[PDB]
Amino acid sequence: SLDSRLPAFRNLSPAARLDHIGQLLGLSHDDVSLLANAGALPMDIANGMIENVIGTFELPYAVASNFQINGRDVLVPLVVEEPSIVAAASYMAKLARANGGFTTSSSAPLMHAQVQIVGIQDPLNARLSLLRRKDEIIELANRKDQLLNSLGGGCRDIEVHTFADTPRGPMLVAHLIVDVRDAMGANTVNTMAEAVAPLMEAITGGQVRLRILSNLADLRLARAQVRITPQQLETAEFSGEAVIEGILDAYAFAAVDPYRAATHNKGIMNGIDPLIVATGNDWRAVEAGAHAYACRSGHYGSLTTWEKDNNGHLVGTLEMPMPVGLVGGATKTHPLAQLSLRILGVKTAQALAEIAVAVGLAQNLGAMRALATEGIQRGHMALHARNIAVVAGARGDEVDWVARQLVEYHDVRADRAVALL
C-alpha cells in the first residue's frame, strides 16, 4: 500500500522529488522523462488543441503530500502559480491523517441538458404535454447514444421549467437529466439536446432556441468530511480550543458577508483548480458551477461548513458540484494529464471528483487556520520572498539571497526588501 507522507519532500530538489515519486509509484523511465524534461506537450498536439498557437506556456507541477481519502493514501498533482497553496494543503492533510484522513462520497455523474423553447402562447400547458410524453423523449435521447447506455449511463429523466414572463416573452426550458459516466458531459448532453429538439417542437408547437449543457451541475455533487482535534491546533501562543473558536468565527463571517464568502470560496478553488489543470480538465466549468451553487439559496455564502462536535472537535464538510472527466479533450491528448491520472490512480471520474473536494476542504482549512491565529502573511509571505525581491529591484543575483534577509527579519515587505540600497 502507498504511503503519501513524504518526509523532507519540501527540501528535496525537483529532480530528487521526482525520483522519490518515481520509486513510490513504480513509474517507468518514460514517465519521469515527461516531467524531468521540458516540452512534454508536443507542438503538433498543442497546435491542434486551440487556434493561433505560437508556442506553449509553463506552470510549476507539484505534488501535495499526506492525503488519505477513504482510508487509502493518494498523491495529488497540482499546477498553479501562487505560493503556499501546496504547503498549506499538505499541512492540513497531515493533520487529518491522525483522525482517519478524509471521508468522501459522490452522487451519480448527472448533468443537465437545457432545451429552450420560445414562440409559445401557452408555455404552462406545453410543459405538461412534454411531461406526459417523457418516456418517448427519454427513449429518443437514449437511442442516440447506445455506447453510453452500455457503459452504464444515459438519459434518466426530464424536468421542465417555465419562465412565462420575461422581457422577450414566455419561455419554456426542458432539462434532460443525463448520466455521463466518466466524461465531463458537454458533447454527450449537447447531442441529446439536439436529438430531442424536433420532437419537443412538435409536442409544444414552439420554436426551440438553445440546446446546451448547464454548468450549474447541482446533481453532480461530491462530498468530503474532515475532523481536527484541539490538540492538533495548539500553538505556542494560542490554545487549540481558541483556534477552533476563531475558525468558527471566520466561518460565520463567511456565511453572512458575501465580501468574505467570495474570498473564502476562492481559497477552496486554490486547491481544486490546480488539480483540474493537472488532469487536463476545464477549470472554467468547475469554477462556474462552484460559485453559482454557493448562491443557490438567494444569498452568496460559503461552500464549506465548519462546526464543533459534542467532543469539542472541529468538523468540516465540503459539498459542491464537481463535473470532471477522465476521457475527452485535453485529458487524453496531454501526456502529463494522463500521467496525473496514473499518479492519482483514479478509475472513475467520480473518484477524481472526491479527491478534488477533499483537497478543497483541506485548502479552506489551511487558510482559515492561519487567518485565525498568526495571520496569513507569516507563512505565505515567507514562501513569497523570492518574488518580493524581484519586485523591489533586484532579481538578478541579488534575488535568492535578500529573500533570506526579509524572512529572518520576519518582514517580507517591498519597503524592506529594497534595503539593497
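Numbering follows the first chain given and starts at 1. C-alpha atoms forming the largest set that superposes within 1.5 Å between two forms make up the rigid core. First, how it differs from the form deposited in another entry.
After superposition on the rigid core, the single residue among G26, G396, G48, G55 whose C-alpha moves by 2 Å or more between the two forms is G396. Relative to the superposed rigid core, the position of the CA of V407 differs between the two forms by 2 Å or more.
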Second form
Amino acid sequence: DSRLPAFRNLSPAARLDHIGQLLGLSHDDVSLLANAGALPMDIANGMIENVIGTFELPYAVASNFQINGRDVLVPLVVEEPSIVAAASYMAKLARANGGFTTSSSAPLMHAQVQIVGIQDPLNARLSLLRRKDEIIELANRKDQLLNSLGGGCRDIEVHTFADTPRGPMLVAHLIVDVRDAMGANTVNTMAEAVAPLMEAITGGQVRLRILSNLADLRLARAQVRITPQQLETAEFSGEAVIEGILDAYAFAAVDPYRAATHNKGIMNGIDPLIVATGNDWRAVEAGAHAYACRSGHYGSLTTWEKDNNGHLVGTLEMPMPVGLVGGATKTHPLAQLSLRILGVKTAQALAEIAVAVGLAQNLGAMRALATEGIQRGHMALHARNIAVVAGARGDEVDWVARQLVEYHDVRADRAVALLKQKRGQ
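Alt. form deposited in another entry, vs. the form deposited in one PDB entry above:
Lone chain follows.
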C-alpha cells in the first residue's frame, strides 16, 4: 500500500521506520539511509577521477503511485521543493480512476557509424543493405552474453547526407536490443567491431562510432484520467480547471518558451528518480528535449485532452534510456536499495514508472498554474530556504520567521521586514 497517511508530519526517522516495516527492509538496509556515509570513499574514488569528498542531496519518497494497479514507492533525489508534494498529490487523484496505465517498447538502442570520403554515398548505401545480415552477425558475435539474455543486434538502417559542409557522408545505424542496460557501452562496442567491415564495403573512412542519446526506439508511455469533480475547488469549478489546463497545454504546444518550462516541469519528477537509481540523468534529458523537437518545432512532451466523456486525459511518451545493471547502479549502495524499494525486475519496468512520475508532475504544476498562481503552494515550502537568504546573523530565528511569513505573503521583500519586528522596534 503506497498511501502513506500523515507521512509528511512524521519525522525523517519515523518515516524511515514506516517504510522499513512496510517494505520489510532489513536493519542493514535502514541504516544506509539513517546513518550518513552510505558511500565509502574507496568506492566514491572509483567512480569519478579527482574525488576529494562526497556531495549530499535529500532523499525522499513519493506516494500514492499506482502503476498498472500495483502500488509502488518512488524514491526521489532533488533540492527543489514542492516536487514531491505535487507528484504525490496528483498520484492520489489518479488512484480514484485506476492510477497510471503504462507501457513500453522493446529496449532498442542505436549505434551510429559515420563514414566519410565516399564519392557515391547513395550507391554505397545499397551495398550495406544487401550485406545487412553479414554485418548483423558480426555485431552479435562480439557480445555473446547479450544474445543469451535475449538481446542482440536486430536490424540496420543506413542514412545519407549529400549536402554537408565537410562533404557527403554515410551514417549507418545499428539497432541493438539491449536490456536491463542503458546499453551505451554495449552498442558502442558493436559499432567498433563492424566499422572495419563497413569500410571494406563502402570504401570510405569511418569516423565516429558512438551511440545516439535520441533513443526514439526505446519509448515509455503513461496515461492518466482526471474527473472534473476531483479538481473542483472552492473558488473554481471542476470543469473550469479542466479548461484552464487545456489552455495551458495549447500554450505550451505553440510557444517554445512555455514548452521549455512545461518540459522542465516534467523532468522535475523524472530526473530525481534517475539520480536515485544511479542512472545517467544527462542521457535522459538529451533524449527528451530532442524528441520534443522532432517535428521541426519544440513542443510539449505530454498531451492533454478532454475526452467525449468530459474527463481530463493526459499522456506522456518519450525516450527512456535507463538501466539496472549499469555502472554506478551496481556500485552505489543506495542506487541498489532504490531499485529494491521500486520492486522493478526489468529496465522497462523502471522506465514505465519514470514516465508516470513525469506525467504526474506536469499535471500538478499545470493544475496549480491554472487555478491561481504558482506562488501559493511552491513558496509555502520554499519559505525555509528564502528565510536563510534574509537571516544574516542568528539563523536560529529562521524557523520562526518561516511560520510567520507563511500567511500567504511569503517573499524576501517581506522576510527582511519581519526581522526588525523581532530584533528591535
